[PDB]
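Following the hints, position chains B, C, D and E against chain A.
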Amino acid sequence: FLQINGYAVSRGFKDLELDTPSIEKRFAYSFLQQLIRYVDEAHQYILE
Amino acid sequence: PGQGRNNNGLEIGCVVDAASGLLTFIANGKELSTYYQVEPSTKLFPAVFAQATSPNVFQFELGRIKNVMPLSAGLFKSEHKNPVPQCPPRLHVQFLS
Amino acid sequence: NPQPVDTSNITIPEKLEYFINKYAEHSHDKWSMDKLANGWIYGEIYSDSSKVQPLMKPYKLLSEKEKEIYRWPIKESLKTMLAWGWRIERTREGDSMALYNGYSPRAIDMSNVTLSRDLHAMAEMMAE
Amino acid sequence: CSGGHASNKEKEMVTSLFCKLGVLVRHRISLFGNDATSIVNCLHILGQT
Amino acid sequence: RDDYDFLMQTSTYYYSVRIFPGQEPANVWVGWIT
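Protein chains in written order, with the UniProt record's numbering: chain A, 2895 to 2942; chain B, 1496 to 1592; chain C, 2702 to 2802, 2820 to 2846; chain D, 2991 to 3039; chain E, 1414 to 1447.
Calculated directly from the structure, the hints in this document are not laboratory data. Wrong hints could be hidden among the right ones.
[What the hints assert, rightly or not] Subject to a maximum C-alpha distance of 30 Å in a straight line, what follows is the list of computed DSSO-like cross-link-like pairs (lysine-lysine): (1) C:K2776 with C:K2736; (2) C:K2731 with C:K2768; (3) D:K3010 with D:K2999; (4) A:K2919 with D:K2999; (5) A:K2908 with C:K2780; (6) B:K1525 with C:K2723; (7) A:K2908 with D:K3010; (8) C:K2758 with C:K2776; (9) C:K2766 with C:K2723; (10) C:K2758 with C:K2731; (11) D:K3001 with A:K2919; (12) C:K2766 with C:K2736; (13) C:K2780 with C:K2766; (14) C:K2716 with A:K2908; (15) C:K2752 with C:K2716; (16) B:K1538 with B:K1572; (17) C:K2752 with C:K2780; (18) C:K2766 with C:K2776; (19) C:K2776 with A:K2908; (20) C:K2761 with C:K2780; (21) C:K2723 with C:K2768.
[Said to hold, decoys possible] Some residues of chain A that are not near chain D, with every Cβ distance over 12 Å (derived): (22) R2905; (23) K2908; (24) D2909; (25) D2934.
Positions of the beta carbon are idealized from the N, C-alpha and C atoms, including for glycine.
Bound-form chain A, shown alone:
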C-alpha cells in the first residue's frame, strides 16, 4: 500500500566511507599481520 501510494521506502543512509584502497581492509593483510604477531611471539617464547 505504501508503494502503490507512492511513498519510497529506503535505507536509513548509504555507505559513509569506502575503504576499498585500504590494503588493511583485506582479510589477507589482517590475517598475515596476525601471523607476524604470533610468529614474533613464538620467537620470543623460544628465546625464553
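Below, chains B, C, D and E without anything else, positioned relative to chain A:
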C-alpha cells in the same frame, strides 16, 4: 488521475481509422492528446511493449466500443461485416526474439 | 527471548497522516468484506446469530474511538519502520493526487503487486 | 584474469614470515617437539610462494 | 444503441489493453508497429 485503481485495470484503447490513417488513443474513457497520422496502405500490427513487474502483465482485449468496429472485422475479410468481436485461432501473440 | 524494537521515543511526521488516511479506510473495507461474506448485516443492534453489526457505516461515519484501534497497528508499524531508520519519500504524483482530491464496500486488490528482492528482505524484517 | 592478486605489501610481509620462520628453524629442531618436519613443509610452501 | 448503418459504413477499428494491477504502467507501452 494516476496511481492504481482496481475498479478496472488501466485500459488504453487504440482506435485506427483505415480510411484516414488517424491513430487515436483512449485511456479510461478519455481521449489522449497523442495522435498519429500514417501513410496510405500502411500495415499496422497491434503491439504492446512491457517490462514484467508482476506475474500478470497485460491483456489484449479484442472488444469494441460505441460506433467503432472490432479488430477482427478489419483483420479478416470474411468477418468484414460482423460487429461481434472475434478472436479466430489464426490470431496469436508474437514476441521479438 | 524476544526484545522487539522500542518505538516510544520515536514520533511520526505529519506527512504520514495522509498515509493513515485511506488505509484505515481500506482496513475497514476488508473487514466489512469478510464479515459480510460471513453474513454480517448493517443493523445498529449488535447480535452475532442475527448478523446485525452497527460498524459497517463507512470510515467517515465511524466515530473517532472506533477510528482508533484501527489506525493503532499501522501507527506502530510506521513508528517501527522509522525506528529502523528507513527513509520514506513521497513522489510528485502523490502530491498531485492529494491536490486532485447505505454503505458501498469496494475492496482494493493489491495481490498482484510485487516487491523487489531487497524489498522482500525488508518485508521479512517487518514480519520477524 | 578474473582477479585474485595479492598486493605487493602482502608479498613483502609474506617474505617477512619466511625470514622469521627461518630464524626460528635455525638450530632449534631438537627444542621443537618433533614438528621440525612441519616447519620444513611450512618454509617449503613459503619458498614456493 | 450503436448505429448499425454507421457500423456497416465505417472503417474504424478498435482494440484495448488491460494493464493488470501491480504491473507498473510506465513500463508498458501500447500502440501499433509496422
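For each hint, the structure was consulted:
1. Only pairs whose Cα atoms come within 30 Å are accepted, and C:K2776 paired with C:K2736 is accepted, the gap being roughly 24 Å.
2. Restraint check for C:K2731 and C:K2768: satisfied, since their Cα atoms lie roughly 15 Å apart, inside the 30 Å limit.
3. Pair hint D:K3010 plus D:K2999 holds up; C-alpha atoms about 17 Å apart against a cutoff of 30 Å.
4. A C-alpha spacing of about 13 Å is found between A:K2919 and D:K2999, which places the hinted pair at or below 30 Å, so the restraint holds.
5. Proposed proximity of A:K2908 and C:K2780 is supported: the alpha carbons are some 21 Å apart, at most 30 Å.
6. Distance hint between B:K1525 and C:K2723 is fulfilled; the C-alpha atoms sit about 26 Å from each other, no more than 30 Å.
7. For the hint pairing A:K2908 with D:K3010, the CA-to-CA distance comes to about 43 Å; that exceeds 30 Å, so the pair is violated.
8. For a cut-off of 30 Å, the pair hint linking C:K2758 to C:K2776 stands: about 23 Å separates their Cα positions.
9. A threshold of 30 Å between alpha carbons decides the hint, and for C:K2766 with C:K2723 the separation of about 17 Å falls inside it, so the pair holds.
10. At most 30 Å may separate the alpha-carbon atoms for a hinted pair to count; C:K2758 and C:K2731 meet this at roughly 13 Å.
11. A threshold of 30 Å between alpha carbons decides the hint, and for D:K3001 with A:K2919 the separation of about 16 Å falls inside it, so the pair holds.
12. Pair hint C:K2766 plus C:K2736 holds up; C-alpha atoms about 20 Å apart against a cutoff of 30 Å.
13. Among the hinted pairs, C:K2780 with C:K2766 is consistent with the structure: their alpha-carbon atoms are about 20 Å apart, no more than 30 Å.
14. About 23 Å separates the Cα atoms of C:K2716 and A:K2908, which keeps this hinted pair within 30 Å; it holds.
15. For the given pair, C:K2752 sits about 38 Å from C:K2716 by alpha-carbon distance, which is inconsistent with the 30 Å threshold.
16. Between B:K1538 and B:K1572, the direct Cα distance comes to roughly 15 Å. Compliance with the 30 Å bound is thereby established for this hinted pair.
17. Between C:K2752 and C:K2780, the direct Cα distance comes to roughly 36 Å. Violation of the 30 Å bound is thereby established for this hinted pair.
18. For the proposed pair C:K2766 and C:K2776, the alpha carbon gap of about 15 Å is at most 30 Å, so the pair holds.
19. Using a Cα cut-off of 30 Å, the hinted pair C:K2776 and A:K2908 holds, with the two alpha carbons roughly 26 Å apart.
20. At roughly 25 Å between alpha-carbon atoms, C:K2761 and C:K2780 fall within 30 Å of each other, so this suggested pair holds.
21. Between C:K2723 and C:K2768, the direct Cα distance comes to roughly 12 Å. Compliance with the 30 Å bound is thereby established for this hinted pair.
22. Taking the minimum C-beta to C-beta distance to chain D, about 28 Å, the non-interface status of A:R2905 holds against the 12 Å cut.
23. Distance to chain D confirms A:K2908 as a non-interface residue, since its nearest Cβ pair spans about 25 Å, more than 12 Å.
24. Every Cβ of chain D is farther than 12 Å from the Cβ of A:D2909; the closest lies at roughly 21 Å, confirming the non-interface assignment.
25. With a minimum CB-CB distance of about 7 Å to chain D, A:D2934 fails to clear the 12 Å threshold, and the non-interface call is violated.
The structure fails hints 7, 15, 17, 25 (numbered hints given earlier, in ascending order).
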